[PDB]
Every structure is written in C-alpha cells, then in structure tokens.
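Engineer: Residues per chain, in single letters:
Protein chains: 2
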Amino acid sequence: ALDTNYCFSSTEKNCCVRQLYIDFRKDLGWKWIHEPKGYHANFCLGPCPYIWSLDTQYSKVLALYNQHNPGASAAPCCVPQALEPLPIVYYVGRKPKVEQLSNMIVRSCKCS
Amino acid sequence: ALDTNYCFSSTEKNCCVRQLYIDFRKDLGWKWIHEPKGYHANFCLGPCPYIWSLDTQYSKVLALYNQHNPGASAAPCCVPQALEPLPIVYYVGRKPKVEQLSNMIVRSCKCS
Numbered sequence: 001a002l003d004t005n006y007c008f009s010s011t012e013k014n015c016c017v018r019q020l021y022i023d024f025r026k027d028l029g030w031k032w033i034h035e036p037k038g039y040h041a042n043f044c045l046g047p048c049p050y051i052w053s054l055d056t057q058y059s060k061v062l063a064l065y066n067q068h069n070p071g072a073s074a075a076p077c078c079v080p081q082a083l084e085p086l087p088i089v090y091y092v093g094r095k096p097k098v099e100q101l102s103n104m105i106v107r108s109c110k111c112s
Numbered sequence: 001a002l003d004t005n006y007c008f009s010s011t012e013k014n015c016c017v018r019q020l021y022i023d024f025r026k027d028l029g030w031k032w033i034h035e036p037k038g039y040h041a042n043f044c045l046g047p048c049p050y051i052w053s054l055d056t057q058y059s060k061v062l063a064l065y066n067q068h069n070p071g072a073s074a075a076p077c078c079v080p081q082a083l084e085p086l087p088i089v090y091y092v093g094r095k096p097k098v099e100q101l102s103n104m105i106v107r108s109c110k111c112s
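Taken in order, these protein sequences are the chains called A and B.
Take the first sequence: its position 99, counted from the start at 1, is 99 in the authors' numbering, and no numbers get skipped.
Take the second sequence: its position 13, counted from the start at 1, is 13 in the authors' numbering, and no numbers get skipped.
Rather than coming from a laboratory, the hints here were simulated on the basis of the structure.
Do not rely on the hints blindly, as some may be mistaken.
[As the list claims (entries may be wrong)] Partial list, computed: chain A residues near chain B (C-beta under 7 Å): (1) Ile-22; (2) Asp-27; (3) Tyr-39; (4) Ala-41; (5) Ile-51; (6) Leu-54; (7) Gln-57; (8) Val-61; (9) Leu-64; (10) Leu-101; (11) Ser-108.
[As the list claims (entries may be wrong)] To list a few chain A residues with every Cβ distance to chain B over 12 Å, as calculated: (12) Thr-11; (13) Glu-12; (14) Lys-13; (15) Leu-20.
Beta carbons: idealized from backbone N, C-alpha and C, even for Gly.
Using the sequences plus the hints, can you model the full thing?
Structural biologist: Below is the structure:
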C-alpha cells in the first residue's frame with residue numbers, strides 16, 4: 001500500500017511517502033520545543049490516480065480527470081492519512097514539560 | 001477562508017480551490033453514469049503554508065519545513081476538506097436509478 005513501509009521497499013511512479021526527517025529547529029526552527037532535536041515526520045509526494053488509496057469520492061473523480069488528459073495540473077493531492085504522536089519536551093517559562101504531540105508523524109498516505 | 005466562495009472572489013498565492021467543471025464522460029468518460037452530463041467537481045491547487053487552514057498537526061510542521069527552505073518540493077498538499085453530494089442517474093442493466101453520490105463535489109479545501 002502507500003505506507004512508509006511499502007514506499008521504502010521498492011520503486012513506484014504514483015504517490016509514495018518518502019523520507020523527511022525534520023530537525024525541529026534546523027528545518028522548522030521551532031522555539032517552543034526543546035527535545036527531541038527532531039523526528040521522522042515522513043511525508044509523501046507524487047500524484048495519485050484512482051485505485052491508489054482513494055479517501056473521498058472526489059479523489060477518484062479528479063484522479064481520472066487527470067489520468068485522462070496528459071498535462072492537467074489539477075490532479076489530486078496525496079497526503080498523510082494516518083499519523084502518529086511525538087514525545088517531546090518543551091518549557092513554559094521555567095517549568096519543564098514532556099508531552100506527546102498528536103498526529104505529528106506520518107504512518108501512511110492516501111489521496112485527499 | 002480557502003472555500004470555493006473566497007477563491008473566486010479575489011487573488012492569492014497560497015492554496016485556493018479553483019474551477020474544475022468535470023463532464024462525467026468528457027473528462028472522466030464515466031460510463032456508469034448517464035446524467036447529469038457532468039457537474040462542478042471544483043478542486044484546489046497551490047501549496048499550503050501553516051495558518052492556511054491546517055488539518056493535521058503534520059500539516060503545520062511540514063508547512064513550515066518548506067516555508068523555511070526555498071526550493072523544497074516536500075510542502076503539504078491542499079485538498080478538499082468538506083465535500084458535497086451529486087444528484088445523478090445511471091442504469092443497472094435496463095432499470096433507471098437516480099441517486100446522489102456523496103462527497104463527489106468540493107465545498108472548501110484545507111491542508112492534509
């Protein structure tokens with residue numbers, strides 16, 4: 001399927017979650033989070049046809065709308081369907097607080 | 001907001017649902033649907049920063065991941081958040097059947 005386990009296993013031309021490690025401060029420069037340095041936010045690119053994991057009904061109508069005309073830039077938009085939390089540690093003024101951001105990671109993409 | 005009412009009102013550089021009328025058979029060639037000829041499936045393009053309607057938490061983390069590095073092709077993917085039904089009419093063998101596809105239209109996009 002279009003998960004982070006099947007994408008880093010073989011090749012493909014349709015959507016496919018690729019690696020996207022994000023260092024909280026290096027890429028996002030987030031100042032409200034101290035640890036961890038970052039995490040594997042993962043992500044997905046490439047277009048999405050029909051059968052390729054369809055979420056909404058319009059995901060299959062437009063998916064073909066493009067698969068029919070070569071050069072149409074109105075294709076669908078593969079995205080992160082299921083996500084994952086994220087154990088971090090920030091500071092409120094001077095008190096340390098470890099939490100677990102929700103849906104801050106990608107576990108599999110589909111086609112919204 | 002990023003709805004089909006604010007997109008066809010002024011200009012913008014971030015995501016924005018644009019017109020995408022799809023003629024069931026002209027663009028999708030759908031043979032299982034007779035009427036209507038098509039409909040306003042609408043759709044959305046352009047990238048999506050953070051505050052720009054964020055759906056999942058990773059939608060704001062990656063949104064910045066790109067807004068920080070100029071040239072990063074791993075931005076988010078604006079999509080159809082809310083949708084609409086679709087009154088059609090197809091045929092099962094020889095019996096006529098009018099229905100209302102669900103979520104076959106776009107009413108507003110966000111950032112999955």
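Engineer: Could you run down the list of hints and mark each one as holding or not?
Structural biologist: Do the hints match the structure? See the list:
1. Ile-22: This hint holds: A/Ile-22 lies near chain B, its Cβ roughly 5 Å from the closest one there, short of 7 Å.
2. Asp-27: 5 Å, holds
3. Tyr-39: A/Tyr-39 check fails; min Cβ-Cβ to chain B is 9 Å, beyond 7 Å.
4. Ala-41: 5 Å, holds
5. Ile-51: Because about 14 Å separates A/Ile-51 from the closest Cβ in chain B, which is outside the 7 Å limit, the hint is violated.
6. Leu-54: 11 Å, violated
7. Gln-57: Where the cut-off is 7 Å and the nearest Cβ of chain B is about 5 Å from A/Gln-57, the hint holds.
8. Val-61: Holds, about 5 Å.
9. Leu-64: 5 Å, holds
10. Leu-101: Given a least distance of 6 Å, the restraint on A/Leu-101 holds.
11. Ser-108: 12 Å, violated
12. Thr-11: 18 Å, holds
13. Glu-12: 17 Å, holds
14. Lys-13: 16 Å, holds
15. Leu-20: At roughly 5 Å from the nearest Cβ of chain B, A/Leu-20 sits no farther out than 12 Å, so the non-interface label is violated.
Hint compliance for this structure: hints 3, 5, 6, 11, 15 are broken, all remaining hints hold.
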